[PDB]
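**Student:** Make the full structure from the sequences, and use the hints.
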Amino acid sequence: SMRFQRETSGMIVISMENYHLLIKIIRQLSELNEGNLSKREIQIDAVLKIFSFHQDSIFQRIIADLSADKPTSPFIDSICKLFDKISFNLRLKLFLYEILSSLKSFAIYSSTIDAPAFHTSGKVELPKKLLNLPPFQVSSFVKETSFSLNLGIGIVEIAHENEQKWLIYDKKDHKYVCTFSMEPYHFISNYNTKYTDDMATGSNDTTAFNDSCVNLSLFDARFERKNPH
Amino acid sequence: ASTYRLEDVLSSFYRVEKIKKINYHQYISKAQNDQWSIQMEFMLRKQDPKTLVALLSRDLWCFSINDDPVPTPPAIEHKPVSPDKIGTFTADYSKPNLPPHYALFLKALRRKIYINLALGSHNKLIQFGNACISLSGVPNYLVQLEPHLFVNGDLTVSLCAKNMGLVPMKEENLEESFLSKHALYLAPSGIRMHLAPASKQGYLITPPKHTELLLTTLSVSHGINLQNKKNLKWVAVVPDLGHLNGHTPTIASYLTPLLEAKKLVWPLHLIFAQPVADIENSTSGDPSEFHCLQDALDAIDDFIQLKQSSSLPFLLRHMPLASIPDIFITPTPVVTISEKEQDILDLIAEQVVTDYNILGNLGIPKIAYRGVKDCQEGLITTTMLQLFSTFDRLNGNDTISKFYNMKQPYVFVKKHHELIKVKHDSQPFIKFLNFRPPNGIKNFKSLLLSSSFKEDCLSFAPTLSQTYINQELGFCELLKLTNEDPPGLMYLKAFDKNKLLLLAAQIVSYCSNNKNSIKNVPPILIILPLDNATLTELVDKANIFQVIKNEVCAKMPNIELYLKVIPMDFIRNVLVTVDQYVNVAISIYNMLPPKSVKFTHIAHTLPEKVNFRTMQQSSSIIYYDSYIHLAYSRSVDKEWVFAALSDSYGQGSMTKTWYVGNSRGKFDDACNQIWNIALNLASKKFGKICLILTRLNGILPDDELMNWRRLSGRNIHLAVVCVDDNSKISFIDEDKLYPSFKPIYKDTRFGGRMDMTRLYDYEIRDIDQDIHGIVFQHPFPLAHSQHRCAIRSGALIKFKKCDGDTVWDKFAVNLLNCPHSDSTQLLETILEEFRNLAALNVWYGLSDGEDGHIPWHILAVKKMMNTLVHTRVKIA
Amino acid sequence: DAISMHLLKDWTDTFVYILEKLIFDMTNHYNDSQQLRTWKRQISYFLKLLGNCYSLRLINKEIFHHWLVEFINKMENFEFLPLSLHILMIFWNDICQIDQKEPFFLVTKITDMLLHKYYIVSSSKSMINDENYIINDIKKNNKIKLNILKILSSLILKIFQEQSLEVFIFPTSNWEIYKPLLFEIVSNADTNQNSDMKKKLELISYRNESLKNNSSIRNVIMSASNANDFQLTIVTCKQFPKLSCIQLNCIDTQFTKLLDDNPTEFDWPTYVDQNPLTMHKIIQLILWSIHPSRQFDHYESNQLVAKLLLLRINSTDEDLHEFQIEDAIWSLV
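Residue numbers (the deposited numbering), protein chains in the order written: chain A, 1182 to 1326, 1344 to 1427; chain B, 5 to 312, 814 to 1122, 1142 to 1400; chain C, 198 to 296, 309 to 542.
Misleading hints may appear alongside valid ones.
FRET-style restraints, in silico, Cβ to Cβ [to be verified]:
{"#": "1", "chain 1": "C", "residue 1": "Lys310", "chain 2": "B", "residue 2": "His1302", "range": "18 to 28 Å"}
{"#": "2", "chain 1": "C", "residue 1": "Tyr387", "chain 2": "A", "residue 2": "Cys1411", "range": "37 to 47 Å"}
{"#": "3", "chain 1": "C", "residue 1": "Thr400", "chain 2": "B", "residue 2": "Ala202", "range": "23 to 33 Å"}
{"#": "4", "chain 1": "B", "residue 1": "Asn1018", "chain 2": "A", "residue 2": "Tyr1383", "range": "46 to 56 Å"}
{"#": "5", "chain 1": "A", "residue 1": "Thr1404", "chain 2": "B", "residue 2": "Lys1100", "range": "50 to 60 Å"}
{"#": "6", "chain 1": "A", "residue 1": "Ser1182", "chain 2": "C", "residue 2": "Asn351", "range": "35 to 45 Å"}
{"#": "7", "chain 1": "C", "residue 1": "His263", "chain 2": "B", "residue 2": "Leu1006", "range": "52 to 62 Å"}
{"#": "8", "chain 1": "A", "residue 1": "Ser1302", "chain 2": "B", "residue 2": "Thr7", "range": "26 to 36 Å"}
{"#": "9", "chain 1": "B", "residue 1": "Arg9", "chain 2": "A", "residue 2": "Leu1273", "range": "44 to 54 Å"}
{"#": "10", "chain 1": "C", "residue 1": "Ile344", "chain 2": "B", "residue 2": "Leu963", "range": "53 to 63 Å"}
{"#": "11", "chain 1": "C", "residue 1": "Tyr387", "chain 2": "B", "residue 2": "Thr287", "range": "17 to 27 Å"}
{"#": "12", "chain 1": "A", "residue 1": "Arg1420", "chain 2": "B", "residue 2": "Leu1283", "range": "56 to 66 Å"}
{"#": "13", "chain 1": "A", "residue 1": "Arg1420", "chain 2": "B", "residue 2": "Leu1080", "range": "29 to 39 Å"}
Dumping the calculated DSS-like pairs for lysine-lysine here, alpha-carbon to alpha-carbon at most 27 Å [as the list claims (entries may be wrong)]:
{"#": "14", "chain 1": "B", "residue 1": "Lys926", "chain 2": "A", "residue 2": "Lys1424"}
{"#": "15", "chain 1": "B", "residue 1": "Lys1060", "chain 2": "B", "residue 2": "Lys985"}
{"#": "16", "chain 1": "B", "residue 1": "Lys1114", "chain 2": "A", "residue 2": "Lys1370"}
{"#": "17", "chain 1": "B", "residue 1": "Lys128", "chain 2": "B", "residue 2": "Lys166"}
{"#": "18", "chain 1": "B", "residue 1": "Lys174", "chain 2": "B", "residue 2": "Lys234"}
{"#": "19", "chain 1": "B", "residue 1": "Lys920", "chain 2": "A", "residue 2": "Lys1424"}
{"#": "20", "chain 1": "C", "residue 1": "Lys354", "chain 2": "C", "residue 2": "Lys421"}
{"#": "21", "chain 1": "C", "residue 1": "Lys271", "chain 2": "B", "residue 2": "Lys311"}
{"#": "22", "chain 1": "B", "residue 1": "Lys1322", "chain 2": "A", "residue 2": "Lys1370"}
One side of the interface only, derived from the structure: several residues of chain B facing chain A at Cβ under 7 Å [said to hold, decoys possible]:
{"#": "23", "residue": "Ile69"}
{"#": "24", "residue": "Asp72"}
{"#": "25", "residue": "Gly883"}
{"#": "26", "residue": "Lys926"}
{"#": "27", "residue": "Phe1274"}
{"#": "28", "residue": "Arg1277"}
{"#": "29", "residue": "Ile1288"}
{"#": "30", "residue": "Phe1323"}
{"#": "31", "residue": "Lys1325"}
Just so you know, these hints were derived from the structure itself, not from any lab.
Cβ atoms here follow ideal geometry from the backbone N, Cα and C, with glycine treated the same way.
**Tutor:** Printed below as a string of structure tokens:
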């Protein structure tokens, strides 16, 4: 079967055709059967995995399945998705290769879903569960190699803060308005001044005093002058 | 325009009951009974686990909620036992110090909650003592349920999630690689213990027939009875009796064995471990020395060359989880002092308390309480809704009374030669405005002293001296000797006794040369490069500078040299901007011998409302004139005492540390000297002066309170304050509309508008320094020490510069002893002073722009007690 | 607004031009040790100035890194490597720390380039001109080469420690092996890098479905006997000896093999255990005039296999198996 099926697949690839026959009932049944018993999966794992992989090797069937979910009313569960999840849970240590194939299939499925969601988004909400299962870094990669303890305490995560500290307060309408950001060729230590004279030259000579690469009224720069004792 | 929707900001207090009366029976331990209370308590709990019961050491206390009567224990076949005192109380007790029935009702409620929560789950969760850690490693954190009763009768529970590294160990860990660098803990009590050495079997023995009876007792307390389990591994333990009495061992040198009491047997399924956090130099920058450019020039030079009843104290007592430290590092260096010489510790505190983050927080990062978002799904909601009346969290509008945005305080700075005020959000522009300090200049002469890489410190020392001269901060005429050395440098190698002696002889020959000069021209300082930004080499560079000062002072007195440390990376990273050395220059300017005069202080502006004080209303209100802030702390192990003292404008700053040790005479000496320095600063101001001493880290024990009640009097009015930094109570913010940096952070085009530059009266307001003050409606429990609640709790709160629902940073203030009446006015005055003392902390070199909500002396005390407890001391 | 980005890109362009000019001026001037002593503080000062401008956002950081990876990729003489690799190690904290595909492109490009530079350095001698006399004394040559090998080994080690995504799919040259020789050296066989290397050999080696190949493990010393079918006997049909493996594509290749360089190509496929035995059968079975050089070609194929011998096992015996097969032919008659 694998040899004949493999040859047919090769011919199809050569024929530049992604078209495939539809047998939704059989694949789903097989997946469910494999998922139900751990021991059953363990026996003849290579034969079962190779066949499933060949069936899902083609993206033609997968794209069609995705369309149905968008098409189906409300939040009803998908049998194929459930089977895939069961296989992912169930397929632990069956074979070094088996794990790789499963991971590849999962990764491919997420990509297919993303490709499908190129227009306005049809909501699925099963992506997060799928995304968590397959990862290329840290703990999840090792992972590839609960009776009633459900605390449900739901701890918070570190949310990344943005990189603009400086904002601008509009003191009239009492609201923040815009991000203060000069390009870094503006902050020059200014030397060409003309305040080498003395203070109290006439009155209100702040025009030749406030010279720097920020206006001093953006800090409420108050003078200090008193009659001393 | 504080249009904050006070509803729908989620707190961490789940309301669980509604109390207008609570009754109690106390059975005294009359006539020294033959453990009758200890027997009859578990004999009462075996009937039903719903009862409310607790015990002082042999006294019995039974409790009862609003209506139902208190249970009576199963007595003898004839009953001679009557209760000793009946009573009831309500939700208005004596608040600043708890009477000893509310502090027993809280323990009884917490024990009932943990026992019911352990029994309802599938035998997978035990009480660690103010915790509930799973036997499997599913959460890998401590969940902490803390009950409390408010003043209107709202019995709430607060949830905490401490992310400590408590991992359970098994039979495949009893080797040297695990037991060498872990700290073990007895699980249903919380005592620490070390494993006894083996008995030629491999660190596990069979249980004796007696002590299996203890397992039957585990069916009645803590509800985790594994009698049905066909496998059970037993081990021989021995705990430390000091940790049975609160005396945690010396946290500087952990993992060291100590004398024993007696051996014990214990199931290996419940013994936990805490891992030694480790420290390394760095990464990503070639620690194998190819980041050295002279290696590249060496390789191109080579190419050029080639071109040619023994367990009931462990089943009854508990440790309150504050007496176990968060972290403890591995190398643990040794400093040495005398019985009169306390110099190296004050040196390390002086040169770690006022450097921004260039030291790098050299130890291990903090272990803080991560904030709970929601708890709707799991099992503890089911167990609370089964056990009690209701379970839903308190909104913002029920606990928060006063929410208001604080002002922005001003600061003094000298522009050209005028002395202008300016907003405190303008520190990094200090080069691009030619700002110069108002309080005059301080001058020194510098001497870099490196031994690693001369070709980069040759380029580093003149540009630092030039950026110190080029702003008007005095003249650092760097040192120059006779020979071919470029000035202000001495490239040695092998820092040792003989070369330091010769260098001290060279410096004292220079000082004998320059005889006749003014006093203020010669203070000198030595800059040392840390080859690795850790603690073990900071203490060694402090030792090297102390050897230099000892060899200089005996050959010539009155010479005053100082120590500044700089990490080697900050010298030889080529990404270090010259807009950054400026900050390092300010970190020399706050060490020169005019020590308590720094870069700038608060501007002391005119008030907003005048409010001429006429006839009062005539109660005992005071209307003080000058406050004085003081922050002292004491470590978890009872040795170190840290202190920082500041004026109401940040003027008369002192920062000091005292290694008391195991004794209790040096502790009273240090607590007397703290009041000595406080009164020394108090004898400078007007009068009607109220010092405010703030104890860090929640817990205020009884010995320090006895000391501060003995020392105080009519010389000054104190006002005790408890301060909490870590978010044990975690208000999680959830709204999208009020803080108007969130529409600008959501898509960067929502507000996004032009400035309309004819209305040009704006101000650059830097976020992370826009603090909001809260005064709560009711008093709060302290985060530790369940023996004293507070009065008039409040908080400083700093948002996170991000969009959406996330926890906000907070700083909890709790008044404990007000001198006059009307404590809410005193709390608002304390918060309005604390905002100014928090805004000062960037101009002083205490930290970078990371916490604008903590006042500066409390942050100084926290940095000292974070990075200085780990060194162990020897007295010689 | 785009005028500012235009100006920033232009100044980034002239900065990388001046850095390239100085690094080539090194080899375009080096004949005087007073000029070299000036040149060392020259490169040190320019690197200090370039870092001080790069940390101030005065240089567009994404054109500079792409130029940098192009400049470490394009070089061919090794006497610029120890300085250019130090320039790489400076911005190492910003190239590989980005947390066909646009995302994490410099990381995969930098590990492909560094493995290629490792191979080219480990190939031959350090001199590239070979135009002047007394070219090489061996000791300074190996002393120089061991340093560059150490630097590239440590950088590949930090690449493998860094990336948690771990996508080393090589589209250009499929799986030449140098990295186990690296990872045997460090950590004294730490099993995490070992298990990641086994998953690496599963993923990035592009393992073929090989359904027939799974069957190959079963094959042992086996022989072939052909028996005529009952139906065949009536029509006097002749049975074809049974074959453990087909290698039909291989059979097809043999027919068109003549007047082409078949010998170097077969080497690529390790079919010596099965195809070589099969090849003998093909040579024997169908060519009288079709394949004049068929026996000689078979000998050449066998000879090539014989030349490429690494172990006594499955080499000398092949001849024994052939003798057994010849004996088997006699049995069939």
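**Student:** Against this structure, judge whether each hint is valid.
**Tutor:** Consistency of the hints with the structure:
1. For the pair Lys310 of chain C and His1302 of chain B, the supplied restraint of 18 to 28 Å is violated, since their beta-carbon distance comes to about 56 Å.
2. A beta carbon spacing of about 53 Å between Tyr387 of chain C and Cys1411 of chain A contradicts the range 37 to 47 Å that was offered as a hint.
3. For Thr400 of chain C and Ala202 of chain B, the Cβ-Cβ distance of about 28 Å falls inside the hinted range of 23 to 33 Å, so the restraint holds.
4. Checked against the hint of 46 to 56 Å, the C-beta distance between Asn1018 of chain B and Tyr1383 of chain A comes to roughly 48 Å, which is consistent with it.
5. Distance hint for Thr1404 of chain A and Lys1100 of chain B: a CB-CB separation of about 36 Å, inconsistent with the stated range 50 to 60 Å.
6. For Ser1182 of chain A paired with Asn351 of chain C, a C-beta distance near 57 Å fails the hint of 35 to 45 Å.
7. At about 56 Å, the CB distance of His263 of chain C to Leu1006 of chain B agrees with the hint of 52 to 62 Å.
8. For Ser1302 of chain A paired with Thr7 of chain B, a C-beta distance near 33 Å keeps the hint of 26 to 36 Å intact.
9. For the pair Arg9 of chain B and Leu1273 of chain A, the beta carbons lie near 48 Å from each other, so the given range of 44 to 54 Å is met.
10. For the pair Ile344 of chain C and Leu963 of chain B, the supplied restraint of 53 to 63 Å is violated, since their beta-carbon distance comes to about 39 Å.
11. Evaluation of the 17 to 27 Å hint for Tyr387 of chain C and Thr287 of chain B yields a pass: the beta carbon distance comes to about 24 Å.
12. For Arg1420 of chain A and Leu1283 of chain B, the Cβ-Cβ distance of about 20 Å falls outside the hinted range of 56 to 66 Å, so the restraint is violated.
13. A beta carbon spacing of about 38 Å between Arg1420 of chain A and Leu1080 of chain B agrees with the range 29 to 39 Å that was offered as a hint.
14. For the hint linking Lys926 of chain B to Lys1424 of chain A, the alpha-carbon distance of about 13 Å falls within 27 Å, and the restraint holds.
15. A C-alpha spacing of about 21 Å is found between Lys1060 of chain B and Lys985 of chain B, which places the hinted pair at or below 27 Å, so the restraint holds.
16. Pair hint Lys1114 of chain B plus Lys1370 of chain A holds up; C-alpha atoms about 21 Å apart against a cutoff of 27 Å.
17. Taking the CA atoms of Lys128 of chain B and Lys166 of chain B, the gap is about 19 Å. The hint holds against a cut of 27 Å.
18. With a C-alpha separation of about 16 Å, the suggested pairing of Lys174 of chain B with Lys234 of chain B holds against the 27 Å cut-off.
19. Of the supplied pair hints, the one linking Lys920 of chain B and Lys1424 of chain A holds, its CA atoms being roughly 17 Å apart against a limit of 27 Å.
20. Taking the CA atoms of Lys354 of chain C and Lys421 of chain C, the gap is near 45 Å; set against the 27 Å cutoff, the hint is violated.
21. A hinted pair counts as satisfied when its Cα atoms are at most 27 Å apart, and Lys271 of chain C with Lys311 of chain B qualifies at roughly 23 Å.
22. Annotation: proposed proximity of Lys1322 of chain B to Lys1370 of chain A holds, straight-line Cα distance about 24 Å (limit 27 Å).
23. Because the closest C-beta pair between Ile69 of chain B and chain A is about 25 Å apart, greater than 7 Å, the hint is violated.
24. With a cut of 7 Å, the hint placing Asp72 of chain B at the interface with chain A is violated, because the nearest CB-to-CB distance is about 29 Å.
25. Because the smallest distance between the Cβ of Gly883 of chain B and any Cβ of chain A comes to about 2 Å, under 7 Å, the interface hint for this residue holds.
26. Interface restraint check: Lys926 of chain B against chain A, minimum CB-CB distance 4 Å, threshold 7 Å, status holds.
27. Interface hint at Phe1274 of chain B: violated, since its Cβ lies 11 Å from the closest Cβ of chain A, which is beyond the 7 Å cut-off.
28. Hint status for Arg1277 of chain B relative to chain A: holds, with the closest Cβ pair at about 6 Å, below 7 Å.
29. Residue-level restraint check for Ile1288 of chain B holds (minimum Cβ-Cβ distance to chain A is 5 Å; threshold 7 Å).
30. At about 10 Å, the closest approach between the beta carbon of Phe1323 of chain B and any beta carbon in chain A exceeds 7 Å, and the interface hint on this residue is violated.
31. With its C-beta approaching chain A no nearer than about 5 Å, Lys1325 of chain B sits inside the 7 Å limit, and its interface hint holds.
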